[PDB]
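Asks: If you want the building blocks of each chain, they are given just below.
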Amino acid sequence: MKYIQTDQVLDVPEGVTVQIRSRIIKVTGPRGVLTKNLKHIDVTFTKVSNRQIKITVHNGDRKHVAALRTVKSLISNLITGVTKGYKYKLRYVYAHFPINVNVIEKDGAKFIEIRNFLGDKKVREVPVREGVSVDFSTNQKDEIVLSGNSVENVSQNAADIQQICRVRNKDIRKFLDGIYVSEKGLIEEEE
Amino acid sequence: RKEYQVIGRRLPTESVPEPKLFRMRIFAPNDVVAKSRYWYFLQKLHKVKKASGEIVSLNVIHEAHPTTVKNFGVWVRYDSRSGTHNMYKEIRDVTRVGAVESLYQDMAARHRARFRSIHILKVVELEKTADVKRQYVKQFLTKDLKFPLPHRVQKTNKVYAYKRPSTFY
Amino acid sequence: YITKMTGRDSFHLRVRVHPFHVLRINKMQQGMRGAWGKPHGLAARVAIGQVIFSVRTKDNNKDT
Amino acid sequence: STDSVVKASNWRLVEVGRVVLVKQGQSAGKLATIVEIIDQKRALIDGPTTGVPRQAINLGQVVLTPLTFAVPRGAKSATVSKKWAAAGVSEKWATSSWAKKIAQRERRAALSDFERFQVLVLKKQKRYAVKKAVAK
Amino acid sequence: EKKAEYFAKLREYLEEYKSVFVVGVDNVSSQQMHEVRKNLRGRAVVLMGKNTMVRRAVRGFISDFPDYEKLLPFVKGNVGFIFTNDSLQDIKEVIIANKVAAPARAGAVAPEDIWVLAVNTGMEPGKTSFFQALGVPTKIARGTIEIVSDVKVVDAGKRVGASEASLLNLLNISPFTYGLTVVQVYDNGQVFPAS
RNA sequence: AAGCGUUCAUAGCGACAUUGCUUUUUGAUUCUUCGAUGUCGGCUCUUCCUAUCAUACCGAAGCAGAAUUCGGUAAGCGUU
RNA sequence: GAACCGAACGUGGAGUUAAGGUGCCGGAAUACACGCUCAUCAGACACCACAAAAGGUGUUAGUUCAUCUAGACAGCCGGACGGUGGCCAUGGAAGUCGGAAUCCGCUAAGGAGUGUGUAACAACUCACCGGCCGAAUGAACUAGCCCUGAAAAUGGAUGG
RNA sequence: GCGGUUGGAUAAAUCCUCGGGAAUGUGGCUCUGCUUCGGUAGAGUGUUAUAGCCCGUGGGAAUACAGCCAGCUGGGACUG
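Here the protein sequences line up with chains A, B, C, D and E, keeping their order.
When the letters of the first sequence are read in order and numbered with the working numbering, they come out as residues 1 to 191.
When the letters of the second sequence are read in order and numbered with the working numbering, they come out as residues 1 to 169.
When the letters of the third sequence are read in order and numbered with the working numbering, they come out as residues 1 to 64.
When the letters of the fourth sequence are read in order and numbered with the working numbering, they come out as residues 1 to 136.
When the letters of the fifth sequence are read in order and numbered with the working numbering, they come out as residues 1 to 195.
Incorrect hints may have been included.
What the hints assert, rightly or not - For each label pair, taking beta carbons as the anchor points, the in silico distance ranges come out as: (1) 12/E to 11/C: 16 to 24 Å; (2) 12/E to 62/C: 39 to 47 Å; (3) 191/A to 3/E: 35 to 43 Å; (4) 63/C to 127/A: 22 to 30 Å; (5) 150/B to 122/A: 51 to 59 Å; (6) 5/B to 62/C: 42 to 50 Å; (7) 191/A to 150/E: 33 to 41 Å; (8) 51/A to 51/E: 27 to 35 Å; (9) 116/D to 60/B: 53 to 61 Å; (10) 112/D to 158/B: 21 to 29 Å; (11) 80/B to 12/E: 55 to 63 Å; (12) 72/D to 1/B: 54 to 62 Å.
I should point out that these hints are in silico values taken from the structure, not numbers from a laboratory.
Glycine is no exception: its CB is placed at the ideal position from the N, C-alpha and C atoms.
Given only the sequences and the hints, what does the whole structure look like? Please build it.
Replies: Take a look at the structure:
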C-alpha cells in the first residue's frame, strides 16, 4: 500500500555526540570515534532536543521501510561501542592434540598464529583488523578474547579465527574440534 | 462515465394491464449502452427481454456536491479464470461516477478483470471515520496531515541543457 | 486416512460416478489398414460442476 | 561543539493552506490555495479572487510556492476569499524574485520594433560608462 | 462471560470479610500452595488476580464506598488477595510458618553460600570424575568414595548449572528452600506495614 | 506416499495412481528427390552438447577411519 | 510467408481513412492518467513457431473465523500438584506398551495428562494461568504478476 | 477564433433563506503540570462563541455537457 510516512526515534546518552551531513555519521565519545557511510538508502534525519534524533522515510514501501528500522540499529551500535566497547570471547575445544595460540608481529601487522591443529604441520595465520586488541585470559585457561569499539570488525575477526579451524574429509559430529565463540557482549560490566 | 437511471416496464398485455415497473442505477459511457446493460441485469431476475418489454425513462443523475471529498464503499462480484468471487473495496474520490471509474482501473491492474467480467453490486457513501476499515484509506483521514514531495523533475520541450539540473523542492 | 484419525464408523463415504465408457486401442500386421481398435479399459465421463465424491459426517469432525 | 549538529533538511510541504501556481490548462499562470488533500498525486484547490474554479487536480500539473497561511480544514469558496485578502498573499507574491522574473519576460514578449531599437542605443551608453570605470 | 463474574465477585470483598491480608507468591515453588489454601479452607477464602488495576481504579469511585483508594498502588510484581477476618495475627502464623521449600535450582541466580563437608558419602566407586570436575577433591580410602578437605562449591552470586544440580538435589542441600512473605495488612482502612 | 529400512514414510528406497521432457531405439506418414544427393562397418582427423565415469572445491548419510552411496557449481582436462 | 487481417487493380493530381503502428533503424506523442513487476535464465501482442502437475512468509489485493483496554501472538522467567502408584491388565505399567472410564478438590491455574526419560519410580517438558511491557495481532483459504519445476548438440535472434 | 439560440431536476452546486446533525471539536473554561511566566504543549469538556464544516426545506440566476443556425470573420494548399 506504500506507507505515507514512517519514523523511529533515537535516544543519545550524555557524553557522546553525532555529526550528520548527507549520510555520513561521525560519532565521538569517551572512548574514541567511529564513522559509517549510508549512501544507498534515501533516509532523512532531524535534530529535535539535543539527545533525541528522528529518522524517517516519506512514501516508502514494504522493502524500503525495512531499511528504516535497521538504520536505527546501525547507529545505536556505534553509540553503544564508543561509550562502552564490545567484547567477544573464544574457546578452543581440543580432544587429543593441544592447540597453541600466539600473536607475532610482522611489518606492524599483527597476525594471530595457530599451530598443531588436529596434528597438522601447516602453520595457520589470521590477521588482526583495524581497531581491535588481541589478549589472553588470566585465571581461565584455554581462552582468547577480542575487544574494541567497532562491533563489525571485532565480530568479523572472531569469525575468521573460527572458520580457519575447520575439519575436512571427516565426520564433523565425531571430530568436534575448532575455536568456537563462547560469549559476546560488552567491555564495561554491570550493563 | 455517467450514472443513468433506467426505468423499464414489460408490455401492457391483454388480461393484465399495468405492469409493475423496475428501476436501476446503471453506469455507462452513453445512452445506448445504458439500455443494453439494463436488459442484461433484468434478465437475471425476471422473465423478460428486449422483445417482450420497453424502456419508459432515461435520466442522467448528476452529483449533488461534486466539489467535496467523500469516502465511498463499493461491493463487487467479478469472474476470474477459475471461478467467481465477491469483494469489498473502498475509494477516496470526489464523486460517485469518479469513484466507480477508478475501481475499474484498480480491478484491471491487480486482478486482470475486464469490463465484461465485473458486476457493480452496490455503492454507498460512508459517514463516519470509524466505519472505514481499510488502512490504505485511513492514512489520509488523520489530524493535521503534512508531507513533502521529494525528487522533483523538470520537463524541457528542448533537447539540450547547460546547467546540470537539481531535484530540490 | 479417515479411519486412522477418528474411526471407521464416524462417516459415510459415497462415490457418485460409475465407469460405463469402454476405451479402445490399436496395438501392433499392415500398419493402418483396417485400424479399428479393440477394448482396452473403462472410464467415467465428467462435466464441469459435477460431484465425484460425497461424504456426510458430524459437525465435530470436518477437518479430518 | 559539544551539542550534536545535523544539517538537516528543508522541503515545501503540501498541506491545507498552501498556495500554488498552475502550469497548464484553461488557468495557466494563476494562483490558488489547497483546500483539502485527497491522496499523494491528488488534491483539491480553489482561488476565486485570482480567477480559477473549484476542481480536483494532480500535484504534478500544479507546483508549490514557498507561501502559506491559516485556513480551516476543508473550507468553501467565500471563506477562503476572506482569508486570502486579509493576509495579503497577492502583495507578498508580487514582491518575490520569482514573480518579477515571470513579469520580465512578459514585457520582453510585448516589445515593438521601435522599442527594441531604443534598447540598442541605451545599452551602448551603459557599456561606455562601465568599461571606463572598470579600467581604473 | 468470565470477566463479568470477576468484576462482580471482587465487589463482595472488602464488603465482608474486612481484613484483606495480601501476599505473593511469585517464585513459589508449589506444589504446597494448594495445601496452604486447603488448611485455610475452614475459615478463609483466597483470590489471586491479574491486571485489575483498571478494576480497582474504577471500583474506587462507587460513591457509597471510598475506602478502596489504598489498594491500587501497592500491587507490583506477582501479588494476590487472601481475604479473611479472623484477626490478622493468627493467620500470619499459619501461612508464613508453613512455607514451600523443595529442591532446587536449574539455571538461575544462586542460593545462600554452599559448603560441602568431609566424611564418606555412601557410594561405591563410579562417579569420582563428576566430583573432581566441579572442584571437590576425593580420595578413596578403602572401598567407598570419601571426600577429603572442605571447600566451597558455589557462593552466593554466580549461577548454578543443570548438571551440577543433579548431586545437590540428591545429596547436599544448598539450601534454596524459599517461602512466601507478607506484603501488607488491612483492617479499616489502615495501611499497616506488618512488622 | 500404502509399505520396506531391527526402532523410524522420505539416510537410501518406494506399490497403487498421475503430470512431463527428449529425437542417440522402433513404429506411424509419404511433403522433397527416380533425365541417379555413391546406402554396412573399420581406419584417419576436427569440433560441439551435458542427461559428469575420472580430476578441482563443497553439502547429506543407517559418514568412527578406510572404502562406498545420494546431491551441488562444473564440459577446463582426460577417457586405453 | 500460395491460403490469416484489411482491401480486389485503366493513366495521373488533391483530400480522408482500413488493418497495423508512433525511443532509434522508420513516416507518426521520449503524449496524458491509475495500478502491478526487479527475475546470477525477466517480459514484449491473433493464426505463429510451445510448456504442465506440484510448490514459495517474493510481493500485491481479497474471503471466512478468532482474541483485544492489556492485546496475545510476543519472549524471557514462576507454577504444572492433592485424592493418586485411579480401576485393570502382569516379571514390572506409578500421567507416558495398552483396554475402557474423562471425576472432583484447591482453585489465578494444573489433562486421572503433550512428549522426552526409566526395568517401573525419579527427572525434565507442554496444555492452562500469572509476573515484566502497553495497541492491534493469530489461523485457514482464493487469485494476480515474479521465482523453483525447465537438459542438445556450428555462433544467434521479442526482426535488430 | 468569436456570436445567437434550444433542451436537462426549465442542469447540479456556489450564493440567499428556514430547519436539523454531529467531529480529524474553533473559541472559551476544565486539568496534570511545563516555564525565560513571556507564553507553552498535551489530554479533557462541550455544539459557534474571537475558526468553520456536513445533510436537507424554500427562492433566483449564471456556467458545463448535448443539439441547431438558409450566423459572423481570418490564414494555407491543389484544379482552370
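Asks: Now tell me, hint by hint, if it's right for this structure.
Replies: Status of each hint after checking the structure:
1. 12/E to 11/C: 16 to 24 Å: With a Cβ separation near 50 Å, residue 12/E and residue 11/C fall outside 16 to 24 Å, so the hint is violated.
2. 12/E to 62/C: 39 to 47 Å: Holds: the Cβ-Cβ distance is about 43 Å, inside 39 to 47 Å.
3. 191/A to 3/E: 35 to 43 Å: Since residue 191/A and residue 3/E have Cβ atoms about 41 Å apart, the given range 35 to 43 Å holds.
4. 63/C to 127/A: 22 to 30 Å: Violated - the Cβ-Cβ distance for residue 63/C and residue 127/A, about 59 Å, lies outside 22 to 30 Å.
5. 150/B to 122/A: 51 to 59 Å: holds (56 Å)
6. 5/B to 62/C: 42 to 50 Å: holds (47 Å)
7. 191/A to 150/E: 33 to 41 Å: holds (36 Å)
8. 51/A to 51/E: 27 to 35 Å: Because 33 Å falls inside the window, the suggested range holds.
9. 116/D to 60/B: 53 to 61 Å: holds (55 Å)
10. 112/D to 158/B: 21 to 29 Å: holds (27 Å)
11. 80/B to 12/E: 55 to 63 Å: Once the Cβ atoms are compared, 59 Å apart, the range 55 to 63 Å for residue 12/E and residue 80/B holds.
12. 72/D to 1/B: 54 to 62 Å: Since the Cβ atoms of residue 72/D and residue 1/B sit about 31 Å apart, the hinted range of 54 to 62 Å is violated.
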